[PDB]
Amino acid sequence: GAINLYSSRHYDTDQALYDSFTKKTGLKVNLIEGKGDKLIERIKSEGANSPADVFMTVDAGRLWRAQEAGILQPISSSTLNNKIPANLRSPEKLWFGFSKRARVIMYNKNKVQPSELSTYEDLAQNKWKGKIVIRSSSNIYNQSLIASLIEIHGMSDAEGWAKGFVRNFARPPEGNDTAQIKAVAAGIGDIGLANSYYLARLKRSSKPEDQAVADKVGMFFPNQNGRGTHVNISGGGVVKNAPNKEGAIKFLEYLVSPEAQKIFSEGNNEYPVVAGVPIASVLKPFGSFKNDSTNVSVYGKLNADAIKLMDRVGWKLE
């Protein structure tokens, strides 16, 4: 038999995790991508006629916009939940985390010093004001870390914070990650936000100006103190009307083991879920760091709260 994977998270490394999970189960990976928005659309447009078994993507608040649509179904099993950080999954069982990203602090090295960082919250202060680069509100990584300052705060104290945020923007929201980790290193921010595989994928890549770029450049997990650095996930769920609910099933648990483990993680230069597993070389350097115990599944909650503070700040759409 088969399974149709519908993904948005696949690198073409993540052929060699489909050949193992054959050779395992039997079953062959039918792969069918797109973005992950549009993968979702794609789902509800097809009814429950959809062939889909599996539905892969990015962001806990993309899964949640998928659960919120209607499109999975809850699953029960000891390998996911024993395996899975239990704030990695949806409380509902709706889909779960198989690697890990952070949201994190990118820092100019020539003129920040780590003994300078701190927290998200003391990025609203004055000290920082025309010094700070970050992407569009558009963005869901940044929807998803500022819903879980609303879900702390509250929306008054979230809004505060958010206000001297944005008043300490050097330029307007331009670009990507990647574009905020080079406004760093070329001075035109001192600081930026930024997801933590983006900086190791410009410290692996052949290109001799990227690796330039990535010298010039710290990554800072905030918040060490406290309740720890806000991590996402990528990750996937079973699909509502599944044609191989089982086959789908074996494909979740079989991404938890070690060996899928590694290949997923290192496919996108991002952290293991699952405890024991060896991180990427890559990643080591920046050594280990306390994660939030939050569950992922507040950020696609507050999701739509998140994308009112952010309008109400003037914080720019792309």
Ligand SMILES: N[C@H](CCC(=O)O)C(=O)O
The other form holds:
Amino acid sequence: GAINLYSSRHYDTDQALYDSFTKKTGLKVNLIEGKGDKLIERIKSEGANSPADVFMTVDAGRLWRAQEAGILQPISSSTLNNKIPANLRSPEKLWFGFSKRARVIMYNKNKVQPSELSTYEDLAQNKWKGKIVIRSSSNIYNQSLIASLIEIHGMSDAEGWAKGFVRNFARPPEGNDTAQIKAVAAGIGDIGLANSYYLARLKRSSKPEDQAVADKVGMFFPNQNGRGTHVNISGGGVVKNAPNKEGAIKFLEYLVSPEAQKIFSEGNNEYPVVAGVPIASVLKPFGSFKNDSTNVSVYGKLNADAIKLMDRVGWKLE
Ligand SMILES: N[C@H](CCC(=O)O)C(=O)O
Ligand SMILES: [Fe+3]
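May I ask for the structure of the form deposited with this ligand bound now, the form solved without this ligand having been displayed?
Every component of the complex follows; first up is the chain already shown.
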């Protein structure tokens, strides 16, 4: 009568989702939390004795690592496949996206007009020297973005890009995504890269100071006239030895319902994955944007190459 959810992605507001699921299915949700890579290690080590039914985390790169650890089993569901865009789920049906984030250009509104922005590729141009802030190469979001660039350009051309990008750093990578947004607002950089939901989070904060930062920083969705913006996922899958496989599948299917999509996405100011679900009020002012159709599993497949490239060009680790 229960499922065991091992998640790094729980927010307090998600209790509404678990309670609705229980009303609809009869199944309790037992929550086990941890950091994503630690949960993968925990499930792998628990092995055939693991009680885990569902694993959830952020970033297709981490979901790929879970898949490679052998802790997931494939699921074939008409509901999951029809409702989740193909680009946002594993080609092998091992994991699935349930909310979406974009890795965007954050820009100082005083110093940068959006007409000056275009693509990720343009960020390697000399005009940005001394102007870019971004976090360390240890961060999965950055690894996944670089992986996408290696997929497009190949290692040689991507290395040339990365050499110019790193040359443009205003300071050594320092702090998290929110720290980059604050540095852009403060004039330490004119532009930075961060996930969309971090600006939204500031635009909603209980702290007035957070609203002041948010008002100074715009969000630009790159590559609109070409392949589209780099998107990534919060997602999950059914665990290999799930004691309640049937219940685990019911939970994933419930997550694509319109009501669950709203609660889950809005809990972290992310976009829904399901077509037709209304967008959070905080995200509407930024407008819709073209998403790249690349399958997000590529981000994991080329994660090791991204790490190698980052080291080669001297993009500092945390
Ligand atoms: N950075 C948070 C944490 C969740 C995670 O790191 O798994 C998020 O984007 O939801
Ligand atoms: Fe995050």
